[PDB]
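Consider the single chain below, provided in structure tokens and representing the form solved without guanosine (GMP).
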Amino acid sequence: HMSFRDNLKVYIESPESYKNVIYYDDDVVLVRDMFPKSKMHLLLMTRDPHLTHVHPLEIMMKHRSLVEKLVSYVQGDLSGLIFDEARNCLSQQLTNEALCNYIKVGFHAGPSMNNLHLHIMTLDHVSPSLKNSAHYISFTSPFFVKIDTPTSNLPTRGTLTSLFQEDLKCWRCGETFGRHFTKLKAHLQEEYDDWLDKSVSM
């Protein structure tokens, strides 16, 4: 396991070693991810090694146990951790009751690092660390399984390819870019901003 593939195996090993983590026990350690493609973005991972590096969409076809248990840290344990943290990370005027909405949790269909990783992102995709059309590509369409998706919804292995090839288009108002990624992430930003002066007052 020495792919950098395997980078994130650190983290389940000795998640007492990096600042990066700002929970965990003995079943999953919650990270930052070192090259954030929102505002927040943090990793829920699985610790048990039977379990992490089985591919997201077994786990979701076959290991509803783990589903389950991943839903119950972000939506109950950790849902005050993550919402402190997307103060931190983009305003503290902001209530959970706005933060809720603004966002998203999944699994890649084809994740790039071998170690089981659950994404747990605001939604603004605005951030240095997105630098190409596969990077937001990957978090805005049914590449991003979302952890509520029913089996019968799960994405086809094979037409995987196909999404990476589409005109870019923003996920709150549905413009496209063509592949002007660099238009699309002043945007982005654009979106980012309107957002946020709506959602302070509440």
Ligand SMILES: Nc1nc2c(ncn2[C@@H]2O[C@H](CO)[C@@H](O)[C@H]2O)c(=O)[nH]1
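Numbering follows the first chain given and starts at 1. The term rigid core refers to the most C-alpha atoms you can superpose between the two forms while keeping them within 1.5 Å. First, how it differs from the form solved in complex with guanosine (GMP).
- Superposing the rigid core between these two forms leaves a single residue from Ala134, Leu154, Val54, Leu163 with a C-alpha shift of at least 2 Å: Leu163.
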Contents of the next structure:
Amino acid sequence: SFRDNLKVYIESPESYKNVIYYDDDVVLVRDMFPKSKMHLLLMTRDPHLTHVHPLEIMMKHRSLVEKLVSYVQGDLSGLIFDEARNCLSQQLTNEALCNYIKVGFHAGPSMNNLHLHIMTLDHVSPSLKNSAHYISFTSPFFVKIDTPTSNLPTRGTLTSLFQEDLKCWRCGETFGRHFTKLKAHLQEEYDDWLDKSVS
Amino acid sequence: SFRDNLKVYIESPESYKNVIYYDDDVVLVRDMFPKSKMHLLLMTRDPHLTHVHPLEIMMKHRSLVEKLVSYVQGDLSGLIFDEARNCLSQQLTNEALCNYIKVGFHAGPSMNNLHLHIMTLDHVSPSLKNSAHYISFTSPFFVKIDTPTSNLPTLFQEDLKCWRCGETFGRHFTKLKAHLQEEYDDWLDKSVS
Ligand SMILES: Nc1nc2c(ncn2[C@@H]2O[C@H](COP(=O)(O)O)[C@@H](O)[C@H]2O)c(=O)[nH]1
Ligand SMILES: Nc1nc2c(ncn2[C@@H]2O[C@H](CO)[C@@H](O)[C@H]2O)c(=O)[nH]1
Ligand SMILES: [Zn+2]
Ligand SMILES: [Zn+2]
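What about the form solved in complex with guanosine (GMP), after the form solved without guanosine (GMP)?
Then the entire complex follows, led off by the chain already shown.
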């Protein structure tokens, strides 16, 4: 099934050119359908954890949460910032980018193998093709990795994401059901952020 | 009244040892009663903006909002990280600190001259002495500077909640205090180089 598509990256990371880091424990892979300018997935290779729902990981497997966060903040940090510079602009410092990257799980992932999203905020991407994808990263369905355990949402359903009034994550302007207009506005917001942020 | 006391920093910043930056437009000053390990205030010197309510600034003075943000992320960012290192640990990188600093206005300001808080998340401080102090920085009363304008208002009653893990302590302020210290030690241990 398509839900098992990510398994190949944790079975044979050495074989896939969009895997930009691996070791015995984790794989860092570029999303092939990126939903922001930079969109990476950090995957555990542990066969006993990969099929655990991310909300069960956040509640009951804090050892893994801490290990994943230690990779994002530690050994992989320079790699992630360099990928953002490649995806956005080389003139962005780590300091500019830190505030423009989010890290989290979906409350209802479409793929079966556990994957932590590491992505820029912009949501400017040709692969962002419908508003359910947008909502899945800009609502509580996106469970940030530092969410207090008391605050975790319910297990979700990607296909039930729907908003009658689509909303810009940065300024709050709304667009009804007109996703095309929202995308054009996200491009303007990105242009503005970039102008204000480059060195 | 004493509520006008921050005015001295924007009138005569050269005169006060807790001012760590000034220019014609802004002053960056240490909070005298810090509510986290690092707690700074960034103040406009503009006499026509200093007395404007912070929610009116957020709604109607986006020019000033963008200017404050540009100072905080731009020209003052190294001073801010250096201050954080002086207050927390010299072993902390800018990258570790950037996720541990919040920037915002109180929705109901306690002083009359406009002041943007720039502070670490810990709330470990001898000057944090009651529940109102804590809740005013960890609840929607603290209006982050990146809040969308669609989300702005025109509470302190509820149970104390750790901002980091969400554990609650009822109205037991002293238990919250000890817990914040444990949370800070834990963050620090994982964050130092
Ligand atoms: N540097 C300085 N800070 C002050 C003085 N008086 C009060 N403060 C700080 O000013 C802040 C005002 O925050 P507010 O609640 O008004 O948004 C408080 O955190 C308080 O500790 C003072 O004379 N000098
Ligand atoms: N790299 C990669 N990403 C995928 C594949 N199938 C789905 N995705 C992405 O994986 C994520 C799962 O939520 C989404 O962001 C998808 O765009 C695939 O075969 N390879
Ligand atoms: Zn917008
Ligand atoms: Zn806690």
